[PDB]
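Q: Chain residues, written in single-letter form:
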Amino acid sequence: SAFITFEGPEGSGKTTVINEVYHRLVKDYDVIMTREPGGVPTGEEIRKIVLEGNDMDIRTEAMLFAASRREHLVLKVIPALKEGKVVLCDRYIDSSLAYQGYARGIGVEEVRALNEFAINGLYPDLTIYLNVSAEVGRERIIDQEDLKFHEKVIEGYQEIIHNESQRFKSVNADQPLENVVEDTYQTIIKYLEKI
Amino acid sequence: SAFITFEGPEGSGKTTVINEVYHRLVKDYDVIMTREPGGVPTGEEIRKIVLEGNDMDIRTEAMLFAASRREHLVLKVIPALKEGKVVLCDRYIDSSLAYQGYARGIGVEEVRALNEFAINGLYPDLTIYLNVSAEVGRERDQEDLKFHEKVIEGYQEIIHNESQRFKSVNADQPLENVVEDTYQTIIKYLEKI
Ligand SMILES: Cc1cn([C@H]2CCCN([C@H](CC(C)C)c3ccc(C(=O)O)c(Oc4cccc(Cl)c4)c3F)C2)c(=O)[nH]c1=O
Ligand SMILES: Cc1cn([C@H]2CCCN([C@H](CC(C)C)c3ccc(C(=O)O)c(Oc4cccc(Cl)c4)c3F)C2)c(=O)[nH]c1=O
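Here the protein sequences come in this chain order: B and A.
Just so we're aligned: the first sequence equals residues 2 to 143, 153 to 205 in PDB author numbering.
Just so we're aligned: the second sequence equals residues 2 to 141, 153 to 205 in PDB author numbering.
These are calculated hints, taken from the structure and not from any lab test.
A couple of the hints might just be wrong.
Unchecked claim - Pair by pair, the computed Cβ-Cβ distance ranges are: (1) A:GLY40 to B:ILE199: 50 to 60 Å; (2) B:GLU169 to A:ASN121: 18 to 28 Å; (3) B:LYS49 to A:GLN168: 34 to 44 Å; (4) B:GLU84 to A:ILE59: 16 to 26 Å.
What the hints assert, rightly or not - Reference excerpt, derived from the structure (chain B facing chain A, CB under 8 Å, subset only): (5) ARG60; (6) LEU65; (7) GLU72; (8) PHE118.
Think of the CB as a built atom: it goes at the ideal place given N, C-alpha and C, for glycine as much as any other residue.
Generate the whole structure from the sequences, applying the supplied hints.
A: Have a look at this one:
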C-alpha cells in the first residue's frame, strides 16, 4: 500500500497531472484517486458550510478543512490502504499548511498542530509538489489581491518543503503538461517499485 | 466586562443556576446569557451536523464542537465583551476537555491543543464548575452511568492542573444554596474588577 498526495497552487496543472498519472498507474497497480470531501456525507455537508461562508473567520475555515480531512481519511483513505491499494489524494495536509497557515497568516505551525489532531499520524508516504512559477501558474489560470495570494501560496509551499524534504518530491511544473505528467509518473513508479 | 463560563456534568443544576444568577446580576451589570452555537449561522449549521448524524468519528466531532466554539466566540462573545457586558456562557473549552478529551478517550492534552487553536488565547475570566458527585448527579443504562462518571473524573483531572479562573461550587447541596454560592463567587470576582 501507498498513500500519495498531490500539492500545488492553482495553475500548476495539478488536477490534469493527477488524472493522467492515475490513468497510467491503474494499468499496473491497484489504485484509487480521491480528494476531500470526495462524497463522504459529513464531509460534503462541511464543504457546503465552507462555500456558503461570507468572510468566515480563517481559524473556523481551517477547522472545517481539518474536519472534512478526518472524515475523508477515515471513510475512504484508511479502508483503501487496509485493502493494500495505492491511494492518490489530490490535496491533503500541505494544502491547509500553505493556504490557511501561510497565505492566510494563521501560521504553519498552528495549522500543523490542528491537522495533526485530524490525521493522527497518517502523513503521506510521498507528496508530489507541482512546482510552478507564479508567472506560468497565472497564465494557466487565465486582480492584484488574487496575484498576491497566488504568490503567497507558492511562498508557503516553498517554506513547507524546505523543512520536510524527505517526504516531498518536487516536479518542475513550468514544463509542458506532457513532461509534468511523465516526470510525476516516473517519480511515483520509482517510490512504488522500491517497496 | 467579564467572560464567565459554567461547567458541569448532567444533573449539576447548571441551566437553573445560570438563569437565577442572571436575574440577580442584571440589577448591577449589563449581562447576557449564551451557549454555543448561540444563533451564530455557521455554528447553527455545524450543530445540525453533530445532531443529525450517525456514528461520527470522535475526532471529527471534537473539531466540529471547536468550530462552533470559534464562531460563537468571534461573532457573539467578543462583540458583547466590547460593549462592556458580563457574558454568562453555558459550556466552553472545559466541556470539550471532559467530554471529548477524557470521557471519549481522545486524550485531554490533544483536545486542549485543538481548542487552544479555536479560542486563540481567549480563556474565560472565571469558570464556575458545578461540582456534583456522580451519585447525586445520577439522581438529579450502565454505559450512560459509566460515561457520566468518566465526565466527572475528567472535570476532576482539569482542576487538578488549573486553579486561577476555576471556582468549584459544591453542587450536591440544594439548588438555593448552589445559586447563592455561585452568585457570591461571581460578585467577589466582579467587585475585585
Ligand atoms: C484541501 C484544501 C484546499 N484549499 C483550497 C485549495 C484551492 C481552492 N480552495 C477553494 C476555497 C473556496 C473558499 C473558494 C475551494 C475550491 C473548490 C471547492 C470545491 O470542493 O468545490 C472547495 O471546497 C472544499 C474543498 C475541500 C474541502 C472542503 Cl471542506 C471544501 C474549496 F474550498 C480551497 C484550502 O485552502 N485548504 C485545504 O485544506
Ligand atoms: C460544549 C460541548 C458540549 N458537549 C456535550 C455536553 C452534553 C450534551 N452533549 C450533547 C451531545 C449530542 C451528540 C447528543 C448535545 C446535546 C444537545 C445539543 C443541542 O444543542 O441540542 C447538542 O448540540 C450542540 C451543542 C453545542 C455545540 C454543538 Cl456544535 C452542538 C449536543 F451536542 C454535548 C460536548 O461533548 N462537547 C462540548 O464542547
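Q: The structure should be examined with respect to each hint, and the outcome stated for every one.
A: Hint-by-hint comparison with the structure:
1. At about 54 Å, the CB distance of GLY40 of chain A to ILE199 of chain B agrees with the hint of 50 to 60 Å.
2. Between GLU169 of chain B and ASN121 of chain A the beta carbon distance is about 22 Å. The supplied range of 18 to 28 Å therefore holds.
3. The hint said 34 to 44 Å for the Cβ distance between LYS49 of chain B and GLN168 of chain A, and at roughly 39 Å that hint holds.
4. Between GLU84 of chain B and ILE59 of chain A the C-beta distance comes to about 24 Å, which sits within the given range of 16 to 26 Å.
5. Evaluation of the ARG60 of chain B hint against chain A yields a held restraint, the C-beta minimum of about 5 Å falling below 8 Å.
6. Hint on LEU65 of chain B holds. Least Cβ distance to chain A is approximately 6 Å, under the 8 Å limit.
7. The closest approach between the C-beta of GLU72 of chain B and any C-beta of chain A is roughly 5 Å, which is under the 8 Å cut-off, so the hint is satisfied.
8. The closest approach between the C-beta of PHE118 of chain B and any C-beta of chain A is roughly 5 Å, which is under the 8 Å cut-off, so the hint is satisfied.
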